[PDB]
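Just one protein chain is left out here, and the rest sit where they should.
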Amino acid sequence: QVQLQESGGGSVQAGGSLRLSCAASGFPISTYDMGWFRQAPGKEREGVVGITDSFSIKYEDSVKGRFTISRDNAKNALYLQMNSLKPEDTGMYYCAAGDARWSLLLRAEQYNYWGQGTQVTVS
Amino acid sequence: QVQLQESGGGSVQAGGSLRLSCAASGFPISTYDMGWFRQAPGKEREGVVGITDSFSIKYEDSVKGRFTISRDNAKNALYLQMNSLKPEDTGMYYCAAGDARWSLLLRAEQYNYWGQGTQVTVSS
Amino acid sequence: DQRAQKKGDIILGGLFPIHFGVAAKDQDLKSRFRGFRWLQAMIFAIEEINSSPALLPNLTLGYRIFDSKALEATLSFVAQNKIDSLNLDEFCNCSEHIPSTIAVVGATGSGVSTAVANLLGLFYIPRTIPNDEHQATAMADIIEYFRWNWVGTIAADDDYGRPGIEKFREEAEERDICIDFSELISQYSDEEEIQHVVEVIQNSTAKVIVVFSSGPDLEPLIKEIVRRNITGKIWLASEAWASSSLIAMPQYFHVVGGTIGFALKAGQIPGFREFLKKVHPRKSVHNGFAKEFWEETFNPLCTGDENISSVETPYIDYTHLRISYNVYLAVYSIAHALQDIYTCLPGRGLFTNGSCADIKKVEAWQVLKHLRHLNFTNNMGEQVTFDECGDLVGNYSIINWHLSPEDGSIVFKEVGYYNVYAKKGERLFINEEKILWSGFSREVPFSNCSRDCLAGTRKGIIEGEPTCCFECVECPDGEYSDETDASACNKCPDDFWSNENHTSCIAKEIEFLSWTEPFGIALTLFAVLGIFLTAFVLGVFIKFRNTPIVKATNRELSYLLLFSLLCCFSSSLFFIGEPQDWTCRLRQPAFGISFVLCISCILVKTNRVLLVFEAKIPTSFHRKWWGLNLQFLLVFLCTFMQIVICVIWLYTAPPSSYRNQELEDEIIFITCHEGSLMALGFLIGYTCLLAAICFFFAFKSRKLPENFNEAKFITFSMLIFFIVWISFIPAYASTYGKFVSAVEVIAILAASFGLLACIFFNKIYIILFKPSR
Partner (left out) sequence: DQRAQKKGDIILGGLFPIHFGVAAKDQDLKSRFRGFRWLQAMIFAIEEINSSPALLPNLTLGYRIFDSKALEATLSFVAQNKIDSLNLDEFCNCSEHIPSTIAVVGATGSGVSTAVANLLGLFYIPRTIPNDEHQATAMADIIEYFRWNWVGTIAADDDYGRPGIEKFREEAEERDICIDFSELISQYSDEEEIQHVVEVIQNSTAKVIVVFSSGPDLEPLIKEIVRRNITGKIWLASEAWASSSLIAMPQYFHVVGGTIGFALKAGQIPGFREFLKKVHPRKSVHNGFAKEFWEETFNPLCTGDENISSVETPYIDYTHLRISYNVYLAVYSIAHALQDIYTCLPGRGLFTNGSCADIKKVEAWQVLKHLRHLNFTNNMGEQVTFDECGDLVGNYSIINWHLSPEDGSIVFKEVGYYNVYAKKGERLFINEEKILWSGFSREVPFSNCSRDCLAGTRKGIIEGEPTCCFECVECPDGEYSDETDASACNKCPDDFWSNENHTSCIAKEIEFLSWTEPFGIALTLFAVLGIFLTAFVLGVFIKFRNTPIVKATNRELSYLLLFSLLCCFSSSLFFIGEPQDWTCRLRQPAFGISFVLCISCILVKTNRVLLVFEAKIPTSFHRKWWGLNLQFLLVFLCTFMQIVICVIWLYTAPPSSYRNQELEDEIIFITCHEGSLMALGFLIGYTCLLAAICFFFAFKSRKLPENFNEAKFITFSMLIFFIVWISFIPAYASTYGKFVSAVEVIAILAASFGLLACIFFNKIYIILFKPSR
């Protein structure tokens, strides 16, 4: 019963901001989290950001303050606000739902669900 | 992308009334209906009643006087009310989805979707 | 890539999917497993075919091995009858030969061989290990009768542990089971992260929980929480086959004690040790690749004579291997099916081609026949008929753990005797009582998040939040349901007060303007004193009138004064009492006539003290009245217009207005409920105007001295009492007091007392002075 959708794929410059929204279908994100990962086309998939089941986040040095992720159980949706991104922020944004660990979400290959893999090009 | 579940499966007498309510999930009923058929377990599936997406109904010879079928677009679910039933009420109510003809829905094999087929044995 | 032809054409060979690679299997199981189970199976086979009279003496024995893996797994699955049917290769001088492989181990790991067997028509699922779906069904079956709503979940990296958690995910919703957390534990987990998840565990306050962790996976979990010593905790250790094995340390059960968990008792294999002792270095005519892996795992530079005992005894860790016992039972069932078809009735199967079940087998279609619809009764277990969903399922031993102070360990209780399969039923078979763990506490009285609130309340729900958590809010006013936790809050009868439920009532005390309470006593005392003084003035009047001065003055004046006081006081008496419509018909005209004729007596006294004059002519009336008839008919015309307008509003429609009280909520007081009474107000105003008339004749009385100055007292008493009555009538008409105690009654009685004190007292004194009047 894992279904997800992506919205907000546009094009902005380095200084531009981007809004990204993920909506679930019947899946309550209170039971388990949902991971968001960045994979430029032609290369492997790396987890730039990741949220634990609780209201805690695990970032990387490339998303310090530039990426903000918001989650709430009532609306079963995820929000990503990006501000002042580095120019090669272009890539494919992938959503996953699947039981994992604290660091096993950074590598992001243990998720059973596979998303549509919407491609976003900003340059 | 069509799902359904059966409810109201109980045992009554020959003159008793049985209530069946089934709510669709993830699929509006405006595009097409959701047919219901009655199969005696251990033999071929038979269609006692037939719904039409244009809100028309089609009944067999003996259905008149004992079966009432209710369906609406706003609520997209189906009610089946039975009274003054035949004494041998043992059977399984099978739900099917898919475009077909009137005779095709009466035979009831043109539907692509297959339900779980919850069964209640009244045996009265 | 292994190929093990054996006793009989039925050859239980092919690559084993449980092994995923040569290196995997070499440094995972064979480096210290090692494929000895099939040797025991072949023992049993050769020992039982010697017992049998030539069960299957057709083909010979031979072992040849050459060790994703799909290509060689299917290639070893390739028999010879499939590649020689027509197959007219001019260089292939093939001959007829039929092997058939059935056994599959580790089917969950690789399903390509299952698909191949599905397409070929040789599908043979015996995973012979019972699946975890039955265990999830069992944990649900223990969910219902606990009568508790939500439960927590803990999982690990185990592949078999996932399908349980997903299945719980899709079954929880239809029977309101809420999930607060479901997180994974790996082989090694971070410290501060585990502290964080356990902290959010205390935050969630979801005390009941089920854990899917394996032994070594759950060992750190029981380890961390020892430091902080929170020990009111209960678990649900599923698949606890190794019960109290890795948790056996003391003081651990002070935290992890009283845990109930599933288990499966496994029959010990007879002579397992001597089964495993037969393998020796380089005396083995068969299974040459047993020899190769023995060579490569003990590199062969040296160690060419060591035995299993000389090696570091690898038969202590696995005293009874689950997969070994499962494949043992599977091969036993297959051998029993072969014996059966050797001794079956003369009859045929149900499949059209390849319907040759004889001493010579064609594609092994009778084996699935005897699996599907035949009993086994093998290995003192009394197995059920082999089924697709469940191959061989026994009674699940739901073991309970008890601390043993005399032993310092955990004792197990088989009190859980149940299974989910239909061999015993779909209903309960569990013993719940006669067990304890530091008291009787597993009921968990506060496992429900919300309590049973007081009656007449809705278990208000947070939108987008599971129905388990509800907070109770008070029903609207005047509405109250009898039993607690009633969603359909219903109307309550109007016979009780708020009664700690905020209800409404309509049946209360009714004010009848007279009661045993002191206001009634006071008004009755006023009434009786008025009656007594009227009796006294009647006595003094009858004393006055006995004298022959009668008809020298106007006796009718005092007679009608007495009638006026009597009727006005009768109206005052009628004023109190239980109010209804009939009382109003008997009251309102009485009030009007009393007012008009009392005031008419006042006016006829004020205008002319002595007799009136008129012409002396013979008519229908008598002559002695000397003109009094005109005064009588003036008062009479007032009286008529009053009672005829009364009957005009009588016969047209009864004068009933809407039933109103001081407050419709708690006060239920019956009133006159007559109406505005426009004509009543008009006649009251006309009476007031009539009182305003004859002021100037009272002044023509102030000038001349009359009968030793008595009319001046009448004049000022007129003034003061009329003005006080007209000033206190609208206060009664406006103030709420009319409901609690009528003010018109006291106003009119005071006015009447003043009116009698105007003249009666003065002329009583006068006749006490001069009796001649």
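Points to keep in mind about this one:
Chains here go by letter, A, B and C, matching the order in which they are written, and residues are numbered from 1 within each.
As a convention for this text, a residue touches a chain if its C-beta (ideal position, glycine included) is under 8 Å from a C-beta of that chain, and two chains touch if they have at least 3 such contacts.
The residue from C:66, C:636, C:640 or C:761 that touches the chain not shown here is C:66. Screening C:112, C:198, C:645 or C:724 against the full complex identifies C:112 as the residue touching the chain left out. Against the chain not displayed here, chain C makes contact via residues 1, 64, 66, 70-72, 75, 78, 80, 83-84, 86, 89, 91-95, 97, 112, 115-116, 119, 121. Listed for chain B, the residues touching the missing chain in the whole complex are 1, 28, 30-32, 53-54, 56, 72-75, 99-102, 104, 110, 112.
Convention: only the chains that are shown with their structure count from here on.
Mean C-alpha position of chain A lies 39 Å from that of chain C.
Here the spacing of chain A and chain B, counted between their Cα centres, is 44 Å. The multi-chain contact residues of chain A, meaning those touching 2 or more other chains, do not exist; every residue touches at most one other chain.
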